[PDB]
Each structure stands twice: as structure tokens, then as C-alpha cells.
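Only one chain is included here, represented as C-alpha cells and corresponding to the form solved without the named molecule.
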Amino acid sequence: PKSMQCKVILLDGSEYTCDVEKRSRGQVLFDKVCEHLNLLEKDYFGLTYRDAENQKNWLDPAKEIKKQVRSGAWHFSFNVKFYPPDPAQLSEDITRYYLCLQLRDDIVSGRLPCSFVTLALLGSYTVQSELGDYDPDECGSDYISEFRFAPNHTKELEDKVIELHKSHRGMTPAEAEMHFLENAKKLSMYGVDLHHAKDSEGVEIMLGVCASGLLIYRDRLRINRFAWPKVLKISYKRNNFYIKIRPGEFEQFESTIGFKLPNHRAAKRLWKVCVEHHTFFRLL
């Protein structure tokens, strides 16, 4: 029974390797990775792979791995797929831990923009969780953490992490990880999956997919929002993506809104993540 080697980049940056039968569905690999991670609250997570265009795609757990990775390597990342709006409602501390690891990469990568002060506060909770109580012996006036806190590190930011770390004496890792999440969850781009697009006029916009709905960023001023309940149908056709809005009160007709994506693959990818978010966040 022929098996393919799988390599999975974990959220701590280490690599998990296993074998699966070459006709295996994504769920088989996902279950192995989650068992490795001692993760029970699996519904928030997924595996990603890179397609022939180097775009990130979710591995569909219901479909054969081979039919998704096609010509590419059996190389994956383990990621948060659905960011919980209220991480305090998760059952297990270990779930919150993996969500913290993801958010730390979202911040360092610049996917999740963050003020100086919030970068320093999030850093201070990570330091408290991972080293415990502040110790002056380790950190002199010239201290620079090994910890990556931001897309760009400054001495000022390092100083502020240390100043806030001092305030967290007695804080336990789950407690510090919960404070991390109570701050991160409020950030305007928390759990927003962004897609480059053009409006029905050719104006370059961003489409954001998240728990609360579909966001349209037409620049720093003029952000439109479509809550998931207000969306009856998501469709794609060639390079175009469409949302069918419920009729407003006393309105005769549904309304359909159309966008232009980079290519057909990008339209199908945006369609699939919207359908998935709509289904996931509808239920809980």
C-alpha cells in the first residue's frame, strides 16, 4: 500500500514529517498533525499548501491530497483557518496557545497591523507566558529579545516590552495567553483574510473575509461591510466573483454585487473561503 511523505511546517516553525497512503483525503493528514499537537479543538484550524502559481490554498479535508497538490511537493503549513471572535470561549488553553502562535506570525509578517503600544503589550504577554516573571539579570539597558514581536524591531519597542513585562509578575502562561488574545481580537484586521480585486468600474480594492462578513476596502476612507446573514448566494464565473444580497425591507429585488479577481483560480479561492466562513460562523 504505497505511502507519500508529508512535511508540515508547524506554528512554532518546526517541521512534522509523516507518511500517508497516496490516495489519502486531507482529513487523514490533518488528524495526524492534530494528534501530534495534542489539539482537540480542531475545527478552527487547517493545512495550507502552495499551488503551481505559489498561491496559498486550504487543503480540503474531504478531497484527495494528490488532486489538490497535483504536480507540487507534499509540503504544507498548519494554520488557523477560522479565527474565533471570542477566544475566551474556547474550551482548552492549548487551543488558545496555537491561536497565539498564529497571531504572532500574523503580526511579524505584517498581515495584522498593530500600533506601537499594542505590539509592546502583545510582546510583553508572550514574554511572560514563555519566560515567566521579569528578571533584571537577563536584561540590561541594552537588552534585545530573541522573540520576534513586529515586522520591524526598534530599541524603543524592546524597551516597552520590558517595561510592560515587569507589570505582569505572578501571571501564569494561560493567563498571559488569554490577555494576549483579549488585546489581539480587537485589532481591526484580526482574522481578516485579504484578497486583491477590482470593482465593477476597474478601481483596485481589497476584499476581506472574516467572522462578521465580507469587507470591501476602497481605501483608508469608505469601507463597506456585508454581514454573512445578509448574503444568500456566493458565486464565481471566469475572473469574476459575485455576492447575492437579501432584499432590504420593502425592497422588491435581491441585489448582486460583482468583482474582478486577478485570474480564475483567485476567483474560485475567494468563493471557497467565503462559503466556508459563511457556513462556519452561521452555526456558532
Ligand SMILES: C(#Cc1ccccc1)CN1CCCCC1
Contents of the next structure:
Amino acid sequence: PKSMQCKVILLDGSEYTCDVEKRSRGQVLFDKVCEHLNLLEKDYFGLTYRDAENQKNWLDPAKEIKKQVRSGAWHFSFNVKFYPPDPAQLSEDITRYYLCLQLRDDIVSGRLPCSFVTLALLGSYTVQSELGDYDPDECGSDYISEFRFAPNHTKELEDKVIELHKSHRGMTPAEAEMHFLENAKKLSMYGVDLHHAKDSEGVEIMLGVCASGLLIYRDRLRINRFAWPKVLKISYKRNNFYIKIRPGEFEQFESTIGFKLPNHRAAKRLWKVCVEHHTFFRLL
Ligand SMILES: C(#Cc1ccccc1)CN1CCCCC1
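Same protein, different form: I have the form solved without the named molecule, so give me the form deposited with the named molecule bound.
Expanding to the full complex; the earlier chain stays at the top.
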């Protein structure tokens, strides 16, 4: 039996290495990573790889790894796939812990925009979880944390983290992680997967996919939101992605909103993440 070496970037930035038989389905590797992580609530998570076009793709657990990575390296990342709208309802603290690590990266990367005060509050809960109670000894007026808190660090933000960290004395890691998630879950881009597209008139928009439904970001004004109940069906053809929307009750016919994606692959990728998120919605 011939086995391929797999390298997986974990949410703490460490690398897990294992082998799978070369015709292995994605689930085989995913099970090995989750066992390494002591993770039972596996449904929220997945592995990504980078394609020949360098786009992040989800590794489909039901398909051969080799028919997805194709010409590319067997290099993957471990990631949150379905962000729980209410993380307090997860059964295990360790689930919440990996969700916090993912969200920290969402924040530092700028995928999850955040006010100054929310960056400092989230950062203060991370410090409480990682270092425990505030200690003046490892913190003068000139202190800068090793922790990455934001896409752009300022001394003002470092000071605000320390100020809020002082208020969390006696908080356990599980408690701090739960506070982190109660704040993060409210942010308007929490759990939103963004895709570049053009509307039917050729104007550049972003489509967001999340637990609640689909968002069309025309700009900061003119955000269109379709709760999953309103979304009839979703399809792709060539470079095109089509959303059918239920009529208002007493209306005869659904509406169709069409979008142009960069290429056929970007259209199929959006379709798949939409179908996967809708099935998530129906199981809540
Ligand atoms: C959204 C949405 C949405 C809301 C209504 C219809 C379609 C999409 C994103 N938001 C993140 C914070 C928690 C609530 C869900």
C-alpha cells in the first residue's frame, strides 16, 4: 500500500505530519487531524488546500484527496468551516478553544473587521486565557504583547488590552474563551465567507455566505440580505452563479439574481459553499 505524506497547518500555527494511503478520501486525513487535536465536535471544521490558481478550496471529505490537490503539494490547513451562531451551545470547551484560535486569525488577517474597543476586549480575553491573571512584573508602561491582536498594532491598542486584562482577575481559560466568543459572534462579518463577483450590470460586488443566509455587499450602503428561507435554489453555469428568491406571498413567480464570477472554478466553489451552508441552516 503506497502512502503520501500530508502536512497540516494547525490553528496554533504548528505543523502536523502524517501519512495516508494515496487513494484516501479527505475524511481519512481529517479524522487523523481531529484525533491529534482531541476534537469530537468535528462537524464545524474542515481542511483547506491551495489550488493551481492559488485559491483556498475546502477538501471534500467524500472525494479522493489526489483528485482535489491534483498537481499540487499535499499541504493543508485546519480551519473552521461552519461558524456556530451561538458558540455557548457547543458541548466542549476544546471546540470553543479552536473556534477562538480561528477567530484570532480572522481578526489579525482583517477578514473580520473590528472596532478599536472590540479589538482590545477580544485581545484582553485572549491574554487572560493564555497568561492568566494580570501581572505588573511582565508589563511596564512600555509593554508590547507577543500576541497579535489586530491587522495593525498601535501602542494605544496594547495599553487598552492591558487596562481590560486588569479587570479579568480570577477568570479561567474556558471563561475568558466564552467571553471572547460572546463578543466575536456579534460582529457583522462573523462567520461570513466573502466571494468577489459582478452583478448582472457588470458592477463589482461581494457575496457573503454565512449561517443566516446570503449577503450582497453593493457597498457600505445597499447591503441586500436573503435569509435561507427566502433562497429557493442556487446554481452555476460557466462563469455564472444564479440565486432564485421566493416571491412575496401572493406573488406568482420567484425572482432570479445573476452574478458573474472570475472563472468557472470560482462559480462552482461559491455554489458548493452555499449548498453546504444551506444544509447547515436546515439542521439548526
Ligand atoms: C449575517 C447575516 C444575514 C442576516 C439575515 C439574512 C441574511 C444574512 C451575518 N451575521 C453575523 C453576526 C451574527 C448574525 C449573522
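Rigid core (definition): largest C-alpha set, two forms, superposition within 1.5 Å. Only residues modelled in both forms are compared. Positions refer to the first chain, counted from 1.
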Check your understanding: In Å, how large is the CA movement of residue 248 between these two forms relative to the superposed rigid core?
Key -> 2.2
Practice item. After aligning on the rigid core, report the distance the C-alpha of residue 229 travels between these two forms, in angstrom. Key: 1.7
Point to revise | After superposing on the core, C-alpha shift for residue 100 between these two forms in angstrom | key: 0.1
Review point. In sequence order, what are the runs of at least 3 consecutive residues whose C-alphas shift by 2 Å or more between these two forms once the core is aligned?
Key: 246-248
